[PDB]
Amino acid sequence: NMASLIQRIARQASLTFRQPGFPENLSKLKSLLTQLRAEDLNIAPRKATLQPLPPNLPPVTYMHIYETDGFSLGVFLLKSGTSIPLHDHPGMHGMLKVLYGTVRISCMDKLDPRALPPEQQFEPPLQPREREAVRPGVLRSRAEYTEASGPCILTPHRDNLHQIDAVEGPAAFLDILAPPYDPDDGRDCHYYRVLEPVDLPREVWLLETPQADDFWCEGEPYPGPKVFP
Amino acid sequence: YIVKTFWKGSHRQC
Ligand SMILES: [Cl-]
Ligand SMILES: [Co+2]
């Protein structure tokens, strides 16, 4: 009979991400994500431990639900006080929906490339190779989102960089990426720092940076209804 | 170690 909501989300993601028809399909996908709750995935909301995080445990974990050539579908689970650092989604669309907790999502884009003015100074100061590499960007928004918020969308050309901070305890979100990342095809995940020199939208300076030493994501089992071909 | 993932690209999973 009636398929599970997560199966319906996967089915609709496949139809949307395989052009006329795209906006209507994306709207339907957003409406399905709006209805999704953590209990529909058998994920109980996680609350703070109030203990420090030991060095051998990741700050973030990921449950994979499904992927096709057109999209990837899963859940990121952030522990208290953690962040997913600022990163891009080259050539991709993304849709996320908060399942529990509160996250602060900062949304940014790279701009067109203009060079850093010679006298510009930063705190902390930049090394010479960093001064050569910094590029202009725009900070478009920075707001808090909960399960009562709508889904958040990004596209290849707008809000393509985002940072996600767990606010006042653990949080989790469902994420759809379309197409998935593919490093062997020029679609990798790059990380950035926004720099403080010495009102939104507002121009910022962006520095591409390696994955942070204290950030990584481990898989954990997905407990909810399964998506079937 | 580095793993190619659908969901975080070339990811250092450690
Ligand atoms: Cl925690
Ligand atoms: Co992302």
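Numbering follows the first chain given and starts at 1. Between two forms, the rigid core is the largest collection of C-alphas that superpose within 1.5 Å. Compared with the form solved without its partner chain:
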Second form
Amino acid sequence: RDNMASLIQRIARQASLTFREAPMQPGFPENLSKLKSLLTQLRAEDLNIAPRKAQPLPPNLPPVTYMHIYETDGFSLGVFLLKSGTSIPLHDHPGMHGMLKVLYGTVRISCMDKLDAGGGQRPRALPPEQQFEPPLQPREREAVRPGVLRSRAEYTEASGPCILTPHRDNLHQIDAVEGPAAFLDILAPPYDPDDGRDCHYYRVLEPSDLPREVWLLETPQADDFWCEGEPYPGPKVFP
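Switching conditions: you have the form deposited with its partner chain bound, so give me the form solved without its partner chain.
Just the single chain follows, nothing else.
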């Protein structure tokens, strides 16, 4: 088609429309579906990103880097690039929608949820006789949350986009499998560490098929996990 904008420009436009009389313009389900359709076509070369290949990783070096593309009050759009053998630890997206698409490599994405009484669940407190390895401080015991591990699959550039919602698959961990990997990430609304919309990390507690119930404990961002910026080489998103 003539006069078509770059795919990344069109993705950014559609995320803007999705998240933010006559004839009626689309609603959220239609828009979300279109956004996912655009993302299924996205390839690494469309962002002028070459697949990387490849340690040990010294503390001096970030395991993951970040390639910023665009953001509004409604959404953020960027690329995360994982080095070999690294992972983005388990974390949530409070009140956020998200969608991601692998550009190269393979990632294992573990998807979970905290049990929510608003979804008809009845979250219980840790029973007193339940013990873990490592053992929990008594203060920790009362901060434990019940959750469910829903899925734990591997995704590549050929997989469909991975979607999460405020209430479904809202917690995830992303491990680079067998070498470096990278993915485009859309989040709506963006994180706001200043306005109380933080990225919270969690660990799964150790007391056989999925879905299965788990116990989750919020934890600080890991000492050795950090993610610094690097130049984005793809087509610019205007303005």
